[PDB]
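K.L.:
Letter by letter, the chains look like this.
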Amino acid sequence: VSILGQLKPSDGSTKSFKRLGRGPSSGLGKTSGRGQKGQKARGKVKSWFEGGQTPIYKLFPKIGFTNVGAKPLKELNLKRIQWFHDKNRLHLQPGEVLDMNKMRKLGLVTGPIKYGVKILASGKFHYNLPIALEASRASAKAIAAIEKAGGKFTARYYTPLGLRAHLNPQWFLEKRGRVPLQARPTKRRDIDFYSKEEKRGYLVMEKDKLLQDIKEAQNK
Amino acid sequence: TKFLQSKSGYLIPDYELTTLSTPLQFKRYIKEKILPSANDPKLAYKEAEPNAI
Amino acid sequence: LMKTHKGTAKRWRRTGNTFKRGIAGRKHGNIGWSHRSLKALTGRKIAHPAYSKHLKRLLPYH
Amino acid sequence: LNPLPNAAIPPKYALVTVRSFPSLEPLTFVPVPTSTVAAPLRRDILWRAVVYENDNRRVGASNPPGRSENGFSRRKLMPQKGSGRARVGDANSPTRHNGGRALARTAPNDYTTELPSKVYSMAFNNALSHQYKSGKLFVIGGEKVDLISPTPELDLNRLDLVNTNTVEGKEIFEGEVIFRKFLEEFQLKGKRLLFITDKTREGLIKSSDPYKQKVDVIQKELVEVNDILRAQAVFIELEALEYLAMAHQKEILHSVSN
Amino acid sequence: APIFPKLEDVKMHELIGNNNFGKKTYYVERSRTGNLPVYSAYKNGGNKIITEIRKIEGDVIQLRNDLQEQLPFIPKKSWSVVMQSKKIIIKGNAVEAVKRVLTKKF
Amino acid sequence: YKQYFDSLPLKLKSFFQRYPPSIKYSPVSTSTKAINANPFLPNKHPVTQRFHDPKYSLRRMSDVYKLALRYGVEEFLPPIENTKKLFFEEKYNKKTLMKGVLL
RNA sequence: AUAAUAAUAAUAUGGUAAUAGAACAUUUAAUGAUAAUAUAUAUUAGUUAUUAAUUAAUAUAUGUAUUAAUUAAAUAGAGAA
RNA sequence: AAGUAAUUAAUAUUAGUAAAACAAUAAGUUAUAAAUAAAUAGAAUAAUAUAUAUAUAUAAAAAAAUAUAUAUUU
RNA sequence: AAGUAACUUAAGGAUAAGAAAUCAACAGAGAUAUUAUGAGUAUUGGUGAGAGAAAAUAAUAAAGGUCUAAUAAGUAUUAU
Ligand SMILES: [Mg+2]
Ligand SMILES: [Mg+2]
Ligand SMILES: [Mg+2]
Ligand SMILES: [Mg+2]
Ligand SMILES: [Mg+2]
Ligand SMILES: [Mg+2]
Ligand SMILES: [Mg+2]
Ligand SMILES: [Mg+2]
Ligand SMILES: [Mg+2]
Ligand SMILES: [Mg+2]
Ligand SMILES: [Mg+2]
Ligand SMILES: [Mg+2]
Ligand SMILES: [Mg+2]
Ligand SMILES: [Mg+2]
Ligand SMILES: [Mg+2]
Ligand SMILES: [Mg+2]
Ligand SMILES: [Mg+2]
Ligand SMILES: [Mg+2]
Ligand SMILES: [Mg+2]
Ligand SMILES: [Mg+2]
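Those sequence lines, one after another, are chains JJ, 88, ZZ, DD, 77 and bb.
The authors' numbering applies: residue 58 is where the first sequence begins, and numbers increase by one.
The authors' numbering applies: residue 160 is where the second sequence begins, and numbers increase by one.
The authors' numbering applies: residue 54 is where the third sequence begins, and numbers increase by one.
The authors' numbering applies: residue 29 is where the fourth sequence begins, and numbers increase by one.
The authors' numbering applies: residue 41 is where the fifth sequence begins, and numbers increase by one.
The authors' numbering applies: residue 3 is where the sixth sequence begins, and numbers increase by one.
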């Protein structure tokens, strides 16, 4: 005969919902769990209403503010990179740079990348890859470990649209026939950060025209 | 298998074709499965009564 | 769909598997008291188990 | 020593006979993966798939009128005090003979349920494997694989019946006659039959129309676990089986190991 | 390569029934990424720590016996098997040890 | 070359129909009654001496110019110097940085 | 190293509000033989540790089960308004 | 004749997959790092807290509170 | 609660909206109308009960871009 009359669920995957108001011996009879009388017996009252005394959401003070200019970065530690290497899941052609695009493509950094990626140094003691790396920034220990392993790191600036173009350029090529030009830094914080050398800022590390334009502006 | 089924008049299931690997295995299966029902029409398999005795 | 209770949102923050809060009672009437004692009224505390359930219901998406 | 003495490498193929439709005559063996045709029976996975499909198939036409949609005026039938009779309000109360229904539903009731695609694919493989293990899965195909036995002149390599539209004979034509002859030759008359095809087979549809009560014809896109498990005999073209096996396949990347 | 290979491509010993895999032998598949299918789970609110071994085919009882022989430090009563899905459950965290044992063969 | 002219989008093709390349359109504002009046620029009416809004708004002009750049045809469109709008590489190159950024 | 049944020793089995497991009756959907020597309903008398089903006799209708069983769901159980 | 419906959040069990899961057109949501009101900060100098990260204080530490490291990443 | 119930008035097979004095942020998009994510986030409140978006990415959709105006004055803007 057909299996359709013999199918069964797996044990522990189904229960019986407690049935209310259907007999005394059911254990849930007339009161059906409500108890005896009260507002809760035949009415509705908030779960977090405490009878008038100053509530937990009023006694304490309002603390802090929300920084709308925040740029959260997905974290990537060095142990994951080394782990991919030893698993042979880090497919880099010789002389190729490991940037956010390749992190997404290989699976190092998974999920949506809103603003960027920051490289942290948790498996620094076992990191020995001489490859080159790119990201929004990295920790000082990560910089030290990457250089010690014979590698190279530089921190680059991306806007939302610029990072979208970086991660998925063929989308732009298909829809519009061209990839947008990466936007130059416009704030003070970005210019300062990427002009710092201890952060491995790309502006300073590549001596690009923007800093020269700023210098020609000041010297005038 | 094709000749055996053709000249026997019965279809041997493909799972048993894949599993069984010698002609004596084929003979044992055919004897133990098809011959009893053929000899005794009462001792047949009913689709609606799988676990019948 | 439920909505975050903004008062609790402003007065509480998520930390670890619980919530943090500021202290109450250090916004006036502080002169005349010991500084080494009022030090205990500066900073933050953690949510208490008596109201952890309330907080979880008040901040569903935290 | 040997840390895991009894470890072994499992099989990875099983044989299915390719045949021609009007007479199921074998032409060649074709190996098919065990994940497709020899999967262990998981009645729980099949249960998941069938419940999901059945829930999604519902209509939800239940529509009892409540005390708002019941058509009575919103007026107090009797004064609260002094009537000497129990207190009453409007005429829509559920406690009344022509009153509404308490906690009434409002069509279209939503009974849709969702289930992960991997689980659905696993259930589909399990149903196909169950049919193969029960020996009720027939594979009809050719013209794309090497045949070691030629196809008969009268037969075809496709799940179809040609020479049906030629009705300039008697009140009946060749299609239904051939279908009945197939039916009685293979001794399956009141048995559930399923015919999975690649493209529409109008000849087969027309020829099997008389037996609509027990024979179902579906394209590879629209088949379901319930159809496969309901059928007491399932016929599937080789290309359709290829397509379904590819679609409901476990995915593998790299995975290089010692 | 095509999902269904040609009849001449497949050897006799790759087919089911042959090579007697159905009797007192076992196998464990590595994950889609290429890692052992041994995992840690926290249950009953987080106070119950267990190790789960999955993607098994064959004789799970024999696999449990061999794993017990290779990890004698784990009490014999801490092992259990769920047959409907053929998983091995070990009370406590033993992911590293079970991986160390499995990787020698799988 | 039908199969290469027709591959162009509707906006660009209709623009060429309405404004053939044959006429050389002025780079500067002129009379609305002029033969070579540039659609992208606000012309001046000679009887009442008051400007007319461009026949092609800034959105539409940007769209057609971008499509023309995509498909290479540049000289065939009328000039866009006076329209205070630059595109892509040209803009990036001759963009003067902000006073805030520089100082 | 389980499951069923049985055997021995020991402990425990009152219960409102309440919590937690298990099962039965009704109806509907999926799979589903059998058939007037049967099915359904009703009454009387028996059986099974029995809200339920079953056996016999009698009465009515019907060539007959949304049947046994597994699932999914409820307008799913009334001396209390 | 009376605990039902949607739209959500938390918890528990089983099942699929698993350092990934759901989708697979692009996105997106959880998890993968803790912390701070926030900021350009972010876990072993040849080992288990006596090390390290964050917050308070900084020559730098110490001090309080959390959190991360003992063939294989959770 | 809510610009809801109700009353009043006026059209058509539909009405309404619609091709930027729009978004955005130095890189760019390119008309309306619904839907999912964004997101119960930004924002807001006897900072109570509570209310709450837009960019951007997708789905449905049509040929979706067009000229009819001498290019718009008690108008923009300002105060209340
Ligand atoms: Mg009780
Ligand atoms: Mg009382
Ligand atoms: Mg009462
Ligand atoms: Mg009470
Ligand atoms: Mg008071
Ligand atoms: Mg203060
Ligand atoms: Mg003191
Ligand atoms: Mg369901
Ligand atoms: Mg008791
Ligand atoms: Mg007692
Ligand atoms: Mg009822
Ligand atoms: Mg009654
Ligand atoms: Mg009673
Ligand atoms: Mg009564
Ligand atoms: Mg310190
Ligand atoms: Mg209109
Ligand atoms: Mg409103
Ligand atoms: Mg105007
Ligand atoms: Mg104007
Ligand atoms: Mg005003």
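There could be a bad hint or two in this list.
Claimed, not checked - Restraint ranges, calculated between C-beta atoms of paired labels, are given here: (1) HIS148 (chain JJ) - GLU249 (chain DD): 28 to 38 Å; (2) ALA197 (chain 88) - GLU249 (chain DD): 33 to 43 Å; (3) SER105 (chain ZZ) - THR71 (chain JJ): 22 to 32 Å; (4) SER145 (chain DD) - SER105 (chain ZZ): 35 to 45 Å; (5) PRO195 (chain 88) - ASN75 (chain 77): 47 to 57 Å; (6) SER104 (chain JJ) - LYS97 (chain bb): 15 to 25 Å; (7) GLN215 (chain DD) - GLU191 (chain 88): 56 to 66 Å; (8) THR71 (chain JJ) - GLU249 (chain DD): 52 to 62 Å.
Said to hold, decoys possible - Mimicking DSS-like on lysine-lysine, the simulated pairs with C-alpha atoms at most 25 Å apart in a straight line are: (9) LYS144 (chain 77) - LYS136 (chain JJ); (10) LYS97 (chain bb) - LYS266 (chain JJ); (11) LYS126 (chain 77) - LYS161 (chain DD); (12) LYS219 (chain DD) - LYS205 (chain 88); (13) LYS73 (chain ZZ) - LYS209 (chain JJ); (14) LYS116 (chain 77) - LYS40 (chain DD); (15) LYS51 (chain 77) - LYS83 (chain 77); (16) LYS101 (chain bb) - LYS68 (chain bb); (17) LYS87 (chain JJ) - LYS73 (chain ZZ); (18) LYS198 (chain DD) - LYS234 (chain DD); (19) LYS95 (chain 77) - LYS146 (chain DD); (20) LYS144 (chain JJ) - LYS131 (chain JJ).
Simulated from the structure, these hints should not be mistaken for lab results.
Yeah, the Cβ is synthetic: ideal placement off N, Cα and C, and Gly gets one too.
K.L.:
Look at each hint and say if it fits the structure.
P.N.:
For each hint, the structure was consulted:
1. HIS148 (chain JJ) - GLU249 (chain DD): 28 to 38 Å: Once the Cβ atoms are compared, 36 Å apart, the range 28 to 38 Å for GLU249 (chain DD) and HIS148 (chain JJ) holds.
2. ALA197 (chain 88) - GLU249 (chain DD): 33 to 43 Å: holds, 42 Å
3. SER105 (chain ZZ) - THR71 (chain JJ): 22 to 32 Å: holds, 30 Å
4. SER145 (chain DD) - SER105 (chain ZZ): 35 to 45 Å: holds, 37 Å
5. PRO195 (chain 88) - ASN75 (chain 77): 47 to 57 Å: About 51 Å separates the Cβ atoms of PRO195 (chain 88) and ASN75 (chain 77), which means 47 to 57 Å holds.
6. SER104 (chain JJ) - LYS97 (chain bb): 15 to 25 Å: violated, 58 Å
7. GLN215 (chain DD) - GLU191 (chain 88): 56 to 66 Å: violated, 22 Å
8. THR71 (chain JJ) - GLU249 (chain DD): 52 to 62 Å: violated, 32 Å
9. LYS144 (chain 77) - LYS136 (chain JJ): Holds, because 24 Å separates the two Cα atoms, which is no more than 25 Å.
10. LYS97 (chain bb) - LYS266 (chain JJ): holds, 13 Å
11. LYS126 (chain 77) - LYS161 (chain DD): holds, 20 Å
12. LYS219 (chain DD) - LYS205 (chain 88): Holds, at about 12 Å.
13. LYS73 (chain ZZ) - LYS209 (chain JJ): Status violated; Cα separation ~41 Å.
14. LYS116 (chain 77) - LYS40 (chain DD): violated, 34 Å
15. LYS51 (chain 77) - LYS83 (chain 77): violated, 46 Å
16. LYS101 (chain bb) - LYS68 (chain bb): Outside the cut-off at roughly 29 Å; violated.
17. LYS87 (chain JJ) - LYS73 (chain ZZ): violated, 43 Å
18. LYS198 (chain DD) - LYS234 (chain DD): With a Cα-Cα distance of about 17 Å, the restraint between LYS198 (chain DD) and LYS234 (chain DD) holds, given a limit of 25 Å.
19. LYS95 (chain 77) - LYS146 (chain DD): Answer holds: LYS95 (chain 77) to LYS146 (chain DD) is near 15 Å, not above 25 Å.
20. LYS144 (chain JJ) - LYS131 (chain JJ): Between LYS144 (chain JJ) and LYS131 (chain JJ) the Cα gap is close to 22 Å, so the pair holds against 25 Å.
Going down the numbered hints, you'll see the structure goes against 6, 7, 8, 13, 14, 15, 16 and 17, while the others check out.
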